[PDB]
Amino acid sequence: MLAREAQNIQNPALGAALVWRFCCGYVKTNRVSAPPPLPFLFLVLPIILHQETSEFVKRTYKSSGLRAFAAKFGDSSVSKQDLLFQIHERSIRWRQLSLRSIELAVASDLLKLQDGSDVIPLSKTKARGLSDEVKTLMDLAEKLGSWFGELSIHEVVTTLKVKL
């Protein structure tokens, strides 16, 4: 009753598609086409399903790199350096939701969870008839994956001030 709205608006059947796009975009720009580490999968929804950070991801275009996205938060004209630290806390808060999204993702043959703390994305699948609004979250997830691809673990952890 007091949770129907939230349960409908944050259902894992959307997180699964978001993670699928994130992996498919991470493999493309990886140096040796290796699929991403497992921990980074937990950082997809806590950034795309929060409006104030999704707008930042939307503004700086592709060739800016993750560093520009991180820097926008500390800009004097914006002054939102606190949200950067809160990204990690919010990611902690939503462990179960992302976990279920990953479960649905693999069980639908969208990702193969190798026995190496790694997840191979899959090609040859396309949806149709979706709404315009989600059709932007999908591209945002893909762009974020591409940004994550170009860098290494240590650089990403330092840039987003995450603690794994």
Second form
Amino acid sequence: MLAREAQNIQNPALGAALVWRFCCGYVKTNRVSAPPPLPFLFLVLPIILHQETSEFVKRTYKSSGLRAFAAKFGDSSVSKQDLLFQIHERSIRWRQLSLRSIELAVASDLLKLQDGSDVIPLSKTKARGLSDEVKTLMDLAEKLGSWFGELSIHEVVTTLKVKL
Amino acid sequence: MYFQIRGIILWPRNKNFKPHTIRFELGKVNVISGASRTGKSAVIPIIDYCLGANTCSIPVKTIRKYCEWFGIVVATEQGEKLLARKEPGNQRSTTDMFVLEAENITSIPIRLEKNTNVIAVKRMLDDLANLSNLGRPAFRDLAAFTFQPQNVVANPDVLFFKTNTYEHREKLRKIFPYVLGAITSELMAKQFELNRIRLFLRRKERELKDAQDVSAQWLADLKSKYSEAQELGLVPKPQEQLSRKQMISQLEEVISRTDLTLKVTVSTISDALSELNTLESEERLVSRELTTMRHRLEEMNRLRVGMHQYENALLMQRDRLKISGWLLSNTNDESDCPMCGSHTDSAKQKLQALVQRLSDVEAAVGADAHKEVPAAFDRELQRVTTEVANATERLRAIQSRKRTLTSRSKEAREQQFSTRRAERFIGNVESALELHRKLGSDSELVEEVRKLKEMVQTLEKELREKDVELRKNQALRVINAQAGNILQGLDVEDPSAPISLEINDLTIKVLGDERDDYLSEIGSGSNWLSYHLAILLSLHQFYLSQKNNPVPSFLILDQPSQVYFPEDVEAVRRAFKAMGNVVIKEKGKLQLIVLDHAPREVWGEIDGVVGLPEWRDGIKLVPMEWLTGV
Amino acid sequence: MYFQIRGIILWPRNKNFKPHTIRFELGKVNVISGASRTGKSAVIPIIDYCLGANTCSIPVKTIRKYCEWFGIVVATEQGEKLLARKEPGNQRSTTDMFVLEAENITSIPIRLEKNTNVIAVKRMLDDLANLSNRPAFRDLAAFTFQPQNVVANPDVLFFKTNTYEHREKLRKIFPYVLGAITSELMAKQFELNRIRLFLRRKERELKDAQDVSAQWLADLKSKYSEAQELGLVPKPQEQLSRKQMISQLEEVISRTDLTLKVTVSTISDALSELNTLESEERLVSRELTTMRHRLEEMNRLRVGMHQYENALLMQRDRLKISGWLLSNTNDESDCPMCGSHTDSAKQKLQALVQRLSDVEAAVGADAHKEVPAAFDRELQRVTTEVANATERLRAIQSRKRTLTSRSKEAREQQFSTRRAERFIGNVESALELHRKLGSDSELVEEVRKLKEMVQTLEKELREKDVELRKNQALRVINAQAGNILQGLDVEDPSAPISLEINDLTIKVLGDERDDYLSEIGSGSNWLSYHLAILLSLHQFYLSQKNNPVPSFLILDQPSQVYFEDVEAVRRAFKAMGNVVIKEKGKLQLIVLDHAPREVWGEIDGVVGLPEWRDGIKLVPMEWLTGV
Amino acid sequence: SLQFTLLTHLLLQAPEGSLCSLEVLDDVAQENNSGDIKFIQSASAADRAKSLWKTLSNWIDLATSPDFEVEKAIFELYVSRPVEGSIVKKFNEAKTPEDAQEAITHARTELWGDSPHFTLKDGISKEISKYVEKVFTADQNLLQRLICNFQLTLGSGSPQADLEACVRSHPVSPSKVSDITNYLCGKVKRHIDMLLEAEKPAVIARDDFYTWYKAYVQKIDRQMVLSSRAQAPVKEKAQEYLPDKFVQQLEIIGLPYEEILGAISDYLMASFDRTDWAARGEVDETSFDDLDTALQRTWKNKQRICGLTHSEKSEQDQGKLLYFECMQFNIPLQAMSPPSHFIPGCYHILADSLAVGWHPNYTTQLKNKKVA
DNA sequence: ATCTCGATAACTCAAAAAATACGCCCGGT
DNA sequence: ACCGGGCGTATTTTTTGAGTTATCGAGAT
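To complete the pair, please output the form solved in complex with the DNA; the form solved without the DNA was given just before.
So here's everything in the complex, that chain up top.
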């Protein structure tokens, strides 16, 4: 009843759109164009739907790489390594929202789940006339997907202090 | 920490030859023999440059003319990392770098592109070493305990690399205590916390003491104050000596009276006094009316902001939900569950619920498309504003009448003066009693100061269980003991001289039975080299004996044989044998990169020492194929 | 200040033997020949020990057991001084020595006894050199002795600078011996730095005490706003300082005709301030919530630190989506995603969880190796900001509570003058505390007088000019050092030399890049550089008068780097003779060397003798009864 | 029910600080400064009518009392038809004392008779004959004054539409104009009833009706400001806006209007606060559920305590006590530090769902107001 | 050494405009 | 009312001038 506002601001539909754009940006940079593994989809909303972490995702150039994004957290002028460490914990806490995001992104022919526990993005032409906020969030998810794609699983999990 | 150099890599400037690799081994004395001609070893410049050295020390005329990306492979706790730095071109340095990571680096890119920058990799190395703390020892500052250029290894005076100036010397001097394990980052944090709490408690003690002083000095006048009160006619005649508690009781029950009247008879009431009382009653009425009216104006003013914020919240919810409509337009009536193969509408029903919520929010947004509520709100605000204006005008008129009455008459003037005195006294009592209650036996201030005192005492005690000097002394005891044990097997003029590492001097001190003397004065290449090796090996053995230590687990010994070789070879073997034992003494957690000229038979069959016909130095680490004369 | 060696004397240990006499030439280049590595460096130790020393640095195995007493003969402005000294034997230092003051004496005592102590000898030497009894004569020995360990050594440039204390004292003494400042100005600078430290500390404490805790500042602000709302005090244009507000409130109290000018304007302004406070409370509450959350998460990670093992390593639960997925599965709905139960669904869900576990196993354990706590800087800043923001939020909240609760039933009579007087009573009771709090005049004046004495010391010292003199001195030093280097067969005379004080060394000039002496080898260049710079320094010293440094220099075996063989040493020795002669026979040079007699005899204006043997050879053979 | 429309319309157009009278000499009156009240009448005009002359010659003397109209008294006539006889035409054109006197002479000739005999008095029926005799027996100067400035009114032809038009002309919410005029006219009618049930000359003072208008406008505006703002009101309940469930609970408790405004502001601000925290990612779909369950538990405990303690007070008083206790209550939750209004807003949101209540029978009382 | 400041060049973003394909409007069935 | 055609228009796409930034050099500590 109190939760209503949050359940509208962190609805699974937006999560599905974000995850779909993340996967779309991932295969767009992978060397072999392989689909990203499923346990990386749980690190999109905890990074994109958090405004300061998302701010760092936004401020880093698309060509600066995941490392340069994760290295901005500890900069003496910022000093927010705690957040780089909270990405994993926030992902732990937002498991249900991410899972419903994959739900709505698979059912809506946005992500086909390859039986090896992988996700291939389809085309499914873009949504119709969203607001600037949501379009920017989707673009950030695409950028983050590209970044995750450039690197291997081990490099990404190390750079984000994650434990799959 | 565990941090060893598995191999070096180079990328030719001309993209026609594959990158050249020089693979060391982990946990063994990696001997790089040969290189009769000695321009200078580039292994140390390459390793420091790839590790974030400020300026490029790589030979300009011989290597920078053919290498594009220098690189090393380092085995760490996180796993193998390939660290590469672009050749600085025509600059003292370039921040461009490439980094790769893996549990075991096997492949090597043929070409490299910028992947990170020097600052980021420096921070990565630091937090490998746990040196991202509150100004603090940095990774590069540890170059002292892992480098020994050809001069430093046998130089009787300089015992540590990067001790050639004031700033560097004092630097290393200030970092030694941290390395030895005395100053822990936890202790620095506790010290900073204690300082801040000291400042906070100082201010809080100042304020509490001032407030208690005010309370005490006022309470001293309590009896005179109560005499003044009974004089003013606010309390009955005190028949007998009173108690502070019941005196205060009288005072606050007096001040709490909603309408307190002076002790004056009404039978003989003048026209002026009756007029004064009537005006005062009108004043009370108007004041209450204006109080309620101000209440209403406050609530309206904040309700405007409330409506605006609710409008913004609804807009945000609509924005975050809108995509549900489109994501519904593309969802089939049912779908197959990704992870359980069930052809169910759960996704469809949830999209329907979200669309329902979007419909609700859309209805809320457009509930008053005709802006009637804003107009009604504005009209009501104008009503309240003009009503307050009228009330204030009425109050001003009342006060003007009252002042004219008091000015004209004199008995009314005296009455107003007396009631003003009474009210002023009551207000003074109110403020004083409020402060006295603020300084109660359990009030916020007393408890806060008490708990801050306890916190400061506890932090002081915590710092005092762990003494810096005792830790440093114990560390130096073990270091000197192990160094002497290493030295006795090694060849020195007398193998039974206890030694002491003077940190401030940054030098060994041989405590001989004849003279406790520095290494600087004993003139012999063999003894200088022996002491360097003994002290450094003991240092690193101690480091690896500790935990959460920030120094790399590797040591570069550049030309540990220049002292000989203007036979003596036997002595060299001793040295190397000792090194081997040291490396094998801790299950190969320590790696030694030994740039040397000692032929292979000196160390041919001594455990822990490895050497290959490859592993050249100077210019053969740059393949001649790349060499064309530039 | 003129101070040269005229001769040496060596009392034998036994009585029958008589002292060995030694007589130098003043103002000339005294030369000593012999066999090096045979203890041929004992004369600098003997001179140092005779002139006092914290320890005896004379070889005990070759020399220091055949001589009861040591002696030195030094010509000086006051006159000829004969100093003695007793070897300790088993001990290391001795305070027993005999002194003799004279102008030019010829009597040579053969038996001595203690006549002076170390302190007296040192202080008489000091006031002979006119130092602050702070520099001392021993601190000048760095410019007199150049032993073998220092003669050709790219890293040590002066004698006995291999200790933190010694090199620091010599560092702080260059400013004086360089002839750019006086001892009085040295003491002025020292006391000035002390008062700078004291002033900075006390000004920091003053700024600490001056700032008021947020609670009382809020109380004063609320009381002032209350008075303003009543029309007493006019609306300020900007945030008033605590003192201004107290002053205006006190003025309001002192009045007698309290004309409450309550209008729409005052009430509206009070309400606007209320809404502004509400906005600021919202903002501060949001930011404080963020910071607090960060802090508790940091605390959780640090707790995991101790939870996981004996040492410090933080633990955070794994994603374990493979396991978490089945955690939500039960006997009612197999799929934790769609929420259904079915055997085929259950088995394929299982298969999916094993696939996920396989994927996680790729980088599973690798992410559990040494995850430390690097966020201590962040933790400290966040805790500081949490405390500060909590204080500020409580202040704003109390202020707003006052402004609101002053609209419900507290004002129900407040706008009545009968109650405005009560309010003024409250405020003029509180003004006492609000004057006590955060008001200090003793510490501000203490800081003011500290600053004034600092200004006086600045004016007296006249800083920013001493370093100009030092720059000129070092420029002259470099000029004449290059001049000397021209006379020395250096492999690159075209490269100048700079005496870099801040490191106690020389920074070799270079066009490719700035270079030091330790960077490159060529010990011949090392010795050439030391010779050039040391003679440059002595020339500059004697260029001025009353210079504390003596006017004699000792080089020990400045030819060991040559162990064609004669041309280089000949060049160096003729350059030394040139500098000495052009100095007008006031500078004395004592060069112990292994070079043959003729090698140094070829120089015009340099004198010596193939006598003067150092090491065990200096002891007459008749004294030598054995090892 | 037509005179009500006419009087309402003309009072809306009447000047400020005016006074008007009903069914005394004409169906409409207005007061300015002196005797000879100015009057306006409605005709179903007719030159002759027993009621017209009856009222005129009956309470012109009462109209002669001072403080009621300038002696050159204005006069008007609203007629629902363009019919007007020659004598009445001449009356309306009488804007001068001489013209009014000539018109009265014509009236005497046609109704009373020719001077001096005045024989037409018998020519008209006794009923109206005596009343015209009374009219013409009074001083002819008074006859001049009573018809000195006679006028006639002819609106758009639809009195209703004109009434709603003039009402909507004033600054008012157009969505409620109809109801406004309705209420207004109703009041007049009810007023008239009580003035004639007691058998007293019914008077509708322009200022009394104007204050009624102001009071009702403010009433509807305060009703509107306490709109729904949470869900779309149903069109059946849209005619008069029905405040949300929590506002209804407060009103059942009987809190002051300003306290209700504060409650609404807290509700909106808390909604925005939760929305913003979610949009920042600080909170989520489960960070609040602990808060709501704790709020409900503490409310239940407080309700039990209040029922055990304040049973002596009336139900509304107990509800006020529980309300203020809950809103004053503040428990520090997880390290989120909320502003002052957050917890009151959360209680209000819960109250909107009837899961948390103030009135000890707030469910029953809410059903009552639903059927009220 | 780390850190900062400033200069630089390249980058991306953001606004405006044009082209676009969609939705709305008009005519016929 | 439903299907199909033709015109209108909001959105996407393209474009573009302005603005923002990662990087580098030099400096300072």
